[PDB]
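Trainee: The lines below spell out each chain.
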Amino acid sequence: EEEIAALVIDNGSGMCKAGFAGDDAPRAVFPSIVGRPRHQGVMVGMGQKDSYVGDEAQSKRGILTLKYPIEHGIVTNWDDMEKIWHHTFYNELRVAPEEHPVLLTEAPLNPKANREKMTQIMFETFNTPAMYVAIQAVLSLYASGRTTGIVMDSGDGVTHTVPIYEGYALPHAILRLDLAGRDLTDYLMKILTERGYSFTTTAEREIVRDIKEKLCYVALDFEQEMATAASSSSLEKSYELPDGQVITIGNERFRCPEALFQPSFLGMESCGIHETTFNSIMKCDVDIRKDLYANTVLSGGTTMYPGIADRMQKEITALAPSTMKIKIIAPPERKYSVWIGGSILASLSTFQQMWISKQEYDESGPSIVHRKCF
Amino acid sequence: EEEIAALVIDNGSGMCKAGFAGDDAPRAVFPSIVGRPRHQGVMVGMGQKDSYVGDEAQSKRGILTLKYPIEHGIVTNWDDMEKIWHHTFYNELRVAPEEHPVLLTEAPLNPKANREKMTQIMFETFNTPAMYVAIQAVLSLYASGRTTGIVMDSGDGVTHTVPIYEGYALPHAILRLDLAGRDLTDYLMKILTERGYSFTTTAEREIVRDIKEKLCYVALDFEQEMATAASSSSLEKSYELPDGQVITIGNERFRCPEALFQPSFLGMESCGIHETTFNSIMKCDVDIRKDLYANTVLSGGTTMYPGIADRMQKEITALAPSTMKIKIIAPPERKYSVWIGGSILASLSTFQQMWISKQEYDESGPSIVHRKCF
Amino acid sequence: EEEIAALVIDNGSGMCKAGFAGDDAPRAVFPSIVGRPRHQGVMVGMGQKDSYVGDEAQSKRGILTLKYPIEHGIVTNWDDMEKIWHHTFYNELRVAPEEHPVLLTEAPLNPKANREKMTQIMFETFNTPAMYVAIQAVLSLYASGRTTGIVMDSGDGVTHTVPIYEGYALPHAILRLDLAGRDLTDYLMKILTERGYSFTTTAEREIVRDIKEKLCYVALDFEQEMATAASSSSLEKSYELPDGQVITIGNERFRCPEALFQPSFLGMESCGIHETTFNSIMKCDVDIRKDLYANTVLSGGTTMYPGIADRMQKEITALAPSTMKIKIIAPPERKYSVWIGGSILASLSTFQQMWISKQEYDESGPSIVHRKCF
Ligand SMILES: Nc1ncnc2c1ncn2[C@@H]1O[C@H](COP(=O)(O)OP(=O)(O)O)[C@@H](O)[C@H]1O
Ligand SMILES: Nc1ncnc2c1ncn2[C@@H]1O[C@H](COP(=O)(O)OP(=O)(O)O)[C@@H](O)[C@H]1O
Ligand SMILES: Nc1ncnc2c1ncn2[C@@H]1O[C@H](COP(=O)(O)OP(=O)(O)O)[C@@H](O)[C@H]1O
Ligand SMILES: [Mg+2]
Ligand SMILES: [Mg+2]
Ligand SMILES: [Mg+2]
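Chains as they are written, first to last, in the entry's author numbering: chain C, 1 to 374; chain A, 1 to 374; chain E, 1 to 374.
Derived by calculation from the structure, the hints in this document are not laboratory data.
Any given hint could turn out to be false.
Any copy, or any two copies together, can satisfy a pair, since identical chains are not distinguished.
[Unchecked claim] Derived SDA-like pairs (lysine to any residue); straight-line CA-CA distance at most 25 Å:
| no. | residue 1 | residue 2 |
| --- | --- | --- |
| 1 | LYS283 | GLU252 |
| 2 | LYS112 | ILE207 |
| 3 | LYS112 | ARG205 |
| 4 | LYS327 | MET304 |
| 5 | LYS190 | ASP178 |
| 6 | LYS283 | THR65 |
| 7 | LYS117 | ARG195 |
| 8 | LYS190 | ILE63 |
Using the sequences plus the hints, can you model the full thing?
Mentor: What follows is the structure in C-alpha cells.
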C-alpha cells in the first residue's frame, strides 16, 4: 500500500481515542481503566483473567476496583498503560503496529520521563517502524483549521493552555492548571453527600462521572442561578441509578462546574480558568493579543458542559479591554479535537519525514524525544 | 476406567442426597435419621441391631426414637453422621470410597469445626483418594446453569443466602438466617394443638413433616386467605394418618409457611426471608444489583411449597424500586439442585485438579480445608 | 444566675453524652436506644409504656427489640431521637431547656437535612432560647487543648477526619469514611459464627458490643499475631454471657479491629483509616503537613481499643517520609473528647454571641443553620 496509513492515539487520562490517521473520526474510544478482581471468585471455569481493560471494565464494574493508570497527564503505572495500548491495538483496531507509524498525544509542561518512557515502550514493546509524540493543544488547533488561537485544553487529566500565533508557539506563555474532569468528579461526589447520597467506591465514582457528563451545566451567572434555586422547579432533575434508585439534584448540579471558575471551592489558590487564560495572554507580546482574545479555542472532554463558552466569554470580556471583541470559538465535536488533529497531522505529507524513526531511536536512544520534537 | 467417576453427597439436615457425579439425578436419597430402639425388646432371634439408619427408620418408626444428627447445618453427633455415610456407601451405592473422590456439600457461615472434622472423617474413616467440601448455594447456581444470581438456599437445616455475580461471590453480603423446614414443623405441630390434634413424639413429628410436605401452601396474601377462612370450603383438607385417624386442617394449613415471612410468629426478631434477601442485595455494590433483583434462584427442600415464588416476587417488588423488573427463577426440581450442582462440578475437568488430595491432607493436616477451598 | 450555664449534647450514634457546659465531665451518658416491646404482654398492671429509652432498655433487653435511631451520623427516625432527647433532659438532667442554651454535636459532611431538622426540633419541640450545632472533630481538638492537628474521629456512627491548622480548617481535605464501631460489631458477630457461637438478635448484638468494648485489641502486626494464634495461650479469653454460657475467643479477637486497617475484610474498597489520614494530609498544603503528621489526635469511642495508636504510628511512619517524626497524640478519656470540647466551647465568653438565637430562627427560618455556623 501507499503511505501505509498511520495510527493515532490520544491518551489524556480517562479515555483512549484511537484510530487510523486519515479519517475524520477515531474507530475506538473507550475508558482508560484497568479493573482488577478485588473479590476472590468461587466457581470453576471462570476467566480467570487477572484484570479487565476498556469498556469491558465498565460492563463488569461491581466486582472490580478500577485504577486509572494516568493521573494529571502523568502515567502512574506503566504496565497498566501498556495493557491499555495492547487492548487498543489487538482488541479493537486489529493491527500489527510493525505495519504502522504511531502518533501519540501528550500534555504540555509534562515530565520528561513520560515522553521518554512512552517512546521506550512503543519501540521496545510493540515493535513499530516510527512514532511521534505531540502536544495536545496544537493538535486541536489543527483540527479547528485555524493557524492562530489560544487553545484551552482541559481533559480528564489536567488543564492546559497554549497560545499560538501564525503557527509558532510561546513557551513562557504556556500555562498548566491542575484542575480536571476528575477533580470535578471528586468535588461532585463530595457535594452529593450533603443531600444524603453517598458514593464511596470507584465503581459508583464512575456513576457520578456519568451524571456529570449529562446533568451538570455551567451558570451564566452563578449567584443568580443559586438564588433561583430557592424555588426549585427546573434546576432539579431526576436521575436513575443502575441500582434502580433515583437521585434528585438541584443547585448542586451547576455549582459542580462552577469550580473551574472558583477553585476556592476545591480549596486551591490556583486561579480560575478564565484568569489563567488572561495569565497566558498577558505573558504574550502586546502585538498579537488582539487575535488571541478573538481566537480562543476550547478542547477536551471537560469543556463539553453546556454554557461554558458563554461564561468564559462574559468573564474574559469583563476582565479585558472592551476595545476589542472577544470571540470564543468552541466547536461541538471538541471532545475529539485532539484525535482529529492527530489524524490530520499524520495525513500531512511533509510530516512523514519528521517521524522519530525506529532506526534513529536504536542509534541515539530514548532521550532523543526532546531533541527532535517539541 | 477413565476419570474414575466421582461421588457426590449433599448433607443439609434431613436428607442425604447421594449418587455418582456425572449423572443428572442422584441414586439414593433418604432421610438422615438414626433411630434407636427405645423400648427393650422381648423375643429371641430379633436383630438386635443397636440402631437403624435411613428409610429403614421410617419403616420401623414407632419403636424407635429418632435423632437427626445434623441441626442448623451443624453436626450434633459425629458417630451418627458416620453411620449415615456408612449406610450411603455400603447399603445403597455399594462403592468402596477408596475407588472414588467424594464431594460433600456444606452450608455457609458454618463453623470451621464441621468442615475440618468432616474432612478428618472422610480421610480417616472411609479411606478415600480425594475429597472436596463445597458451599451449597453455589452448587445450586451451577445446577441452574446461570453465572449470576442470588441463591436463596433453605433446606431443613438452615436458610442461607449468597449473592454471586459473574462467578465471584461476596462474603460480607452472604446472609444466614435461622429458619428451616424443621422449625416450620415445630411451629406446625404447635398450631395443630389448637385444633385438638396432639403430636408429642418424634415418630409423629415426621407424620407432620409429611403433612407439611404436601398440604401446606403459601398465601399470595396472608390476611386475605385468613379472611376467607371464615367460610371454610377449599382451605380444609382431610388427611389420613397411618393410624387410620383423619385430620382436617383449615387456615392452620397456610399460616405454617407464612412463618418464613413473619418470624414473629415463631418469636424470632430475625427478619423474614424476603427482607433477608434485601439485606443481602443491599450489602452488594450498587452496580450489580440490577441483575440480582432479576436473577434470584431458590433452592433446597423448604422452597418447595406451592406459591412461595409468587409471594417472594410480590414482596420484593413491593419493597424494591419498580424501576427494574424482579424476575425470580425457581425451577421445579429445585429440591435436588444442590446435588445436581455437585454432579456438574465433579464432572468438570479443571475441577479435577482442585480436589483436596489424600496426600495433601496427610502432609498438611485437616486444617487445610479453609486454606484451599472456600 | 450569671451566664445561665449552658447545656451540651453529643449525639454520634450509640451514646448520648450530655451534661452542663462548664464542667469537665458530662453528668449523663447512656446508650441511644429505643427499645419496643415486641412480645405482647399478658398480666395486668404492667407499664404499659410503649417503649423504653436509654439504659432502661439495656436493663430490660430480652423483651425489647432495639432500634438505634442514628445510623452513620444520620438520624433514621426523628420521633425516636426526640424521645431520646426528652429522656436526657427530663429523666437525667432535670432541666427546662427554656432555661439553657443547648449545644449539639454533629458529624462532618453530613446531610443538610439533619442539621436543619435538628434545629427545627430544638426550637419547636423543647422551647429553648438558643442553640448551636457544631462539628464533632473540632470539639475534640479543643478538648485536647491544641490549636492544630488532624483529628481522627470515629464513633459508633461513622468515622471522620478533619485537618485543622492554627484554627482554620480545610473543607476539601476533610474526609469521611464509612466504618464505625457498629460495623465492627456486625463483622464480629459474623466472625464468631465460625466458632459455633451464633448471635442473631439485637439483644445479644449488644452483648457482642460489650465483648468488643473489652476483649478486642489491635495487633501491632496482624500477621505475626495471627501466626502466634497457632499456639493458643494468651490470645484466648473466656467471656461470661449473661445467660451463664461461656465463650472462648482466640484470634477472632484481634482481627475484629484489624478491619479498620483492612476494609477488604468487610468487603469495602474504601481505604483503611491510616490511608484515609494520608488522603487527608495529602490534600492539604505542602507547608503545614509537618505538624499534621506530628499532631494527629484520635477521638471517639471506637478509638478506645488497646494498641490502635501504636498501629497507626507504625503505618503512618511506614508510609510517610521518615524525614519528619510522626507523633500521634491519643489521650485516654478520648471517648468523651467531643463532649468535653462542647463544654469548653459553651464556656467561652465570645462564643456567647455566636449562638443561634431563638429570635433569629423565628425571623429567618431553619435554613439559617448553614448560613451562620460551619
Ligand atoms: N458530555 C460531557 N459533558 C460534560 N463533561 C464531560 C462529558 N464527557 C466527558 N466529560 C468530562 O471530561 C472528561 C473526559 O476528558 P477527555 O477528553 O477524555 O480528556 P483527554 O482527552 O485528556 O483524555 C470526563 O472524565 C468527564 O469528566
Ligand atoms: N414437597 C415438599 N413440599 C414442601 N416442603 C417440603 C417438601 N419436601 C421437603 N420439604 C421441606 O424441606 C425439608 C427438606 O430440605 P432438604 O432439601 O433436605 O434440605 P437439605 O438439602 O439442606 O438437607 C423437609 O424437612 C421439609 O420440611
Ligand atoms: N472501651 C471500649 N473499647 C473498645 N471499643 C469501644 C469501647 N467503648 C466503646 N467502644 C466502641 O465505640 C462505640 C462508641 O462510640 P461513641 O464515642 O459513642 O461514638 P459517638 O461519640 O459518635 O456516639 C461503641 O459502639 C463501641 O463499638
Ligand atoms: Mg485531552
Ligand atoms: Mg440443602
Ligand atoms: Mg463521636
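Trainee: All hints, please: hold or fail.
Mentor: So, going through the hints one by one against the coordinates:
no.	hint	in the structure
1	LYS283 / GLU252	between (35 Å within a copy, 22 Å between copies)
2	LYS112 / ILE207	between (34 Å within a copy, 22 Å between copies)
3	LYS112 / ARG205	between (31 Å within a copy, 21 Å between copies)
4	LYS327 / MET304	within (18 Å within a copy, 39 Å between copies)
5	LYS190 / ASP178	both (18 Å within a copy, 14 Å between copies)
6	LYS283 / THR65	between (43 Å within a copy, 17 Å between copies)
7	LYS117 / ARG195	between (44 Å within a copy, 13 Å between copies)
8	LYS190 / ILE63	both (23 Å within a copy, 22 Å between copies)
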